[PDB]
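Next comes just one chain, in C-alpha cells: the form deposited in one PDB entry.
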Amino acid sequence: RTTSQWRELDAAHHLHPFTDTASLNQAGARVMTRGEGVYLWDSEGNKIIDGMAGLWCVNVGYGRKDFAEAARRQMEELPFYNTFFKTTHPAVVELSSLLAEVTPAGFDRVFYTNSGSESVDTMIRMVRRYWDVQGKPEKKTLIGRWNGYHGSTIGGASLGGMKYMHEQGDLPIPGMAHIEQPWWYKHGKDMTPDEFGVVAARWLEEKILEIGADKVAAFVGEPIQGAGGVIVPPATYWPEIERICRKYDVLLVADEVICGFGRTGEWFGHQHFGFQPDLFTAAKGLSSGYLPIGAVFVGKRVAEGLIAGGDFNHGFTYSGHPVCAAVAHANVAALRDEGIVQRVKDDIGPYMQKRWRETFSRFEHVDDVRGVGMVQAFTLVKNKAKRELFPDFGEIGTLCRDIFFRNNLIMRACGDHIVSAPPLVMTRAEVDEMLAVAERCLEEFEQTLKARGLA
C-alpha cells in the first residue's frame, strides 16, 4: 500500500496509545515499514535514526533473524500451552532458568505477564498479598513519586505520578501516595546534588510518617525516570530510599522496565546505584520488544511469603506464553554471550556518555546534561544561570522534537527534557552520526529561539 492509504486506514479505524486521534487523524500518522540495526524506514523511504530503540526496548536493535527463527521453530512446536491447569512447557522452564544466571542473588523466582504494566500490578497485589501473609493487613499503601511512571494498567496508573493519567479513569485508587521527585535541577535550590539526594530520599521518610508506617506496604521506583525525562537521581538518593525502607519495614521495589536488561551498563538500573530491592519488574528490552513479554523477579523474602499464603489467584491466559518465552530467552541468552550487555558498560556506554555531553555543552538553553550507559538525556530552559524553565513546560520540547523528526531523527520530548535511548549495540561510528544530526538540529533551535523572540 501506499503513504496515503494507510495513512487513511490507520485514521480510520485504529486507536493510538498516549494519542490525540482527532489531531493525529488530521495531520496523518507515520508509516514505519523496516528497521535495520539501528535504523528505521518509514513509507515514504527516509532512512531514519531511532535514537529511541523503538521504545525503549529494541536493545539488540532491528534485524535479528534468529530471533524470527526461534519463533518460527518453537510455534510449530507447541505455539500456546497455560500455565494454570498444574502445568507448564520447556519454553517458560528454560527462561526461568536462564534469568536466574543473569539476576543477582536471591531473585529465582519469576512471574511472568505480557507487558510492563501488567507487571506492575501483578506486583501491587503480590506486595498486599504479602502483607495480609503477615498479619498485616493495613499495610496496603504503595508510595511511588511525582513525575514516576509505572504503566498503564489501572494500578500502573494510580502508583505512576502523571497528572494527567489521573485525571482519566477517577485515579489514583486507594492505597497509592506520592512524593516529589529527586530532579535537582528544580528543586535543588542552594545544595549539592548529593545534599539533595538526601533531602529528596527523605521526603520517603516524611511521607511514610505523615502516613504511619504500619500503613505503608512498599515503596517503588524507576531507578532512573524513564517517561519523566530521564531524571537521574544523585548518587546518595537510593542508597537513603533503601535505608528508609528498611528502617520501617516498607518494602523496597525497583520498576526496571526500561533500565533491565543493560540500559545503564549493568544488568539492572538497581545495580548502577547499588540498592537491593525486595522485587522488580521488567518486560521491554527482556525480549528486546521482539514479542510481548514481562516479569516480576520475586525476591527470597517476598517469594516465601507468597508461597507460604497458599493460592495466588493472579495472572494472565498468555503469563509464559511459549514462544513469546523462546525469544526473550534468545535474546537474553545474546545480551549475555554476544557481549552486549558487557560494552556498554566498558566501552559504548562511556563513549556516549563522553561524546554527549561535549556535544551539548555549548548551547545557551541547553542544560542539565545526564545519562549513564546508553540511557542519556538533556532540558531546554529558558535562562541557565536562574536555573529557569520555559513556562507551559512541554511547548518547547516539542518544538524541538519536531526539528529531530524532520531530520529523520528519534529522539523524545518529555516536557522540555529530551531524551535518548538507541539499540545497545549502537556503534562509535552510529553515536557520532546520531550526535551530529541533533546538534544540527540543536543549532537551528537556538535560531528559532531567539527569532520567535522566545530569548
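Here, rigid core means the biggest group of C-alpha atoms that superpose within 1.5 Å across both forms. Positions refer to the first chain, counted from 1. First, how it differs from the form deposited in another entry.
- Of the candidates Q342, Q276, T88, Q134, the Cα that moves 2 angstroms or more after core superposition between these two forms belongs to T88 alone.
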The other form holds:
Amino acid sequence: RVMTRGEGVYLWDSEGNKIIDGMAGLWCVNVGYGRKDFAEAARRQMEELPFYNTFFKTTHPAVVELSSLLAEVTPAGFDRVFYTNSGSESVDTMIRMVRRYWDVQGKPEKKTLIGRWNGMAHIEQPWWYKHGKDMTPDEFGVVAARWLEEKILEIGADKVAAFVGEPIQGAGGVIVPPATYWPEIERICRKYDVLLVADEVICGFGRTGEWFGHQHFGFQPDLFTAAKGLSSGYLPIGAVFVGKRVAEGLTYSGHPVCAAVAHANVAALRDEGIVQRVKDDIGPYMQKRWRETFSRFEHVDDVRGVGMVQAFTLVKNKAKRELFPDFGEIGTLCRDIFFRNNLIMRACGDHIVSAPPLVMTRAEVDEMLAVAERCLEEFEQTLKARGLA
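With the form deposited in one PDB entry already on screen, would you show the form deposited in another entry?
Just the single chain follows, nothing else.
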C-alpha cells in the first residue's frame, strides 16, 4: 500500500481507500493536510532568498516576521526565541541554555535536569490509574508532584538546573495529570530555585484549546520547547521560547524557508480561528463524544482528554484497576483492528491515543468515533473468544 494524497483529516492510498488520520501525522499536522498555500509560501521564499548570512548583523525578514507573529500568540514575556530544525534540537538547545544560565549566575554546579519516565534524572509519572492507590486524583497530584521535591533533595538543590515536563505526557499515553499537580510542581521548583521548562512538543499550537499546554494547566515555565507543530509538519522546524528571567541571564537562528512556512501555519491557526474553535467548539464536542463513546466498554477505563488530545486505557478489570499482563500486547491487538479499518489511532502500551488535525469537523469527529466504536465492539468480542476477557 502506498499513500497518494492527503486532505484535511484524510489520507488516501493507491487502492482508493480513505484513511482517517486520528493522530495528525506525528501529533503535529494541526492545520490538516492539503495546504497548497504553504507550498506557495515555500516556493516564494526559495525563489527570493532561502539564505541569510551571519556576515550581516541583521536577521532574515521571514524570521523577523515569524517572531513578530509568534509574540502575538505566546504568553507575555517570551520575547526571545531560538529557532531549531526539530524538537530534538530544541531539547538540546534548552539544556545548553539552562546550564549556561546557571553558569552566568555563578552556580556552575547547577547542571542536572530532572524529567519523568515515559546530568539527567527521572521521577515517576503522575499516572493515577496505576499509582494512585486509594488516593483521590487531587491527593495523588500532590503526592506525584512531591516526587520532584524528593528527587531534588536526593541530588541536592545546588546541583539541579531544571525540571522539564510535557503538560500532558503524549508519548507516554496521554497521561493527564490531576489539577493539583502542576501548581505543586511549580511551588517545588521555585522553592528550590530550579528552572521550570514546559515541553510543548505535542501540546503546542492549539492542541489543548489554548495556544500552549502550560496555559491550560496554568503554570508559568521559564522556557518552553516546540517541535514541527510550529509548521504543522510541512517543513522541519522547532524553537525554544525564553522567558524574561532566563533571557536576562543570557539573533541568527532559523532556516528562512522553514520560517516562511511556519509563519503561514501560525497565521492560519490564528486568522482562520482554528485554535479558538478548539477552545470553544470542537474541543468540548470531541471530549464529550469521546467519553460517550468509550466509557461503556467492559475493558476500557480512564477515558480522558483535553481539547483535541484524548485517550483511554485497555484494562483487564475496571473494578480492580487491573491492567493486562505484558502491557502493550493488548494495545497492539486493538491498534491492528483500527488499522484494518482504515483508522489511525495508535497505542502506547495498552493506552489508546488520538490527536487529530484541529480542523476536524463535528461530522468527522462522529465518523471517526463510529469506526472506533465498531472496532472496540470487535475487540471486546475478540477478547472473549481468545479467553482473555
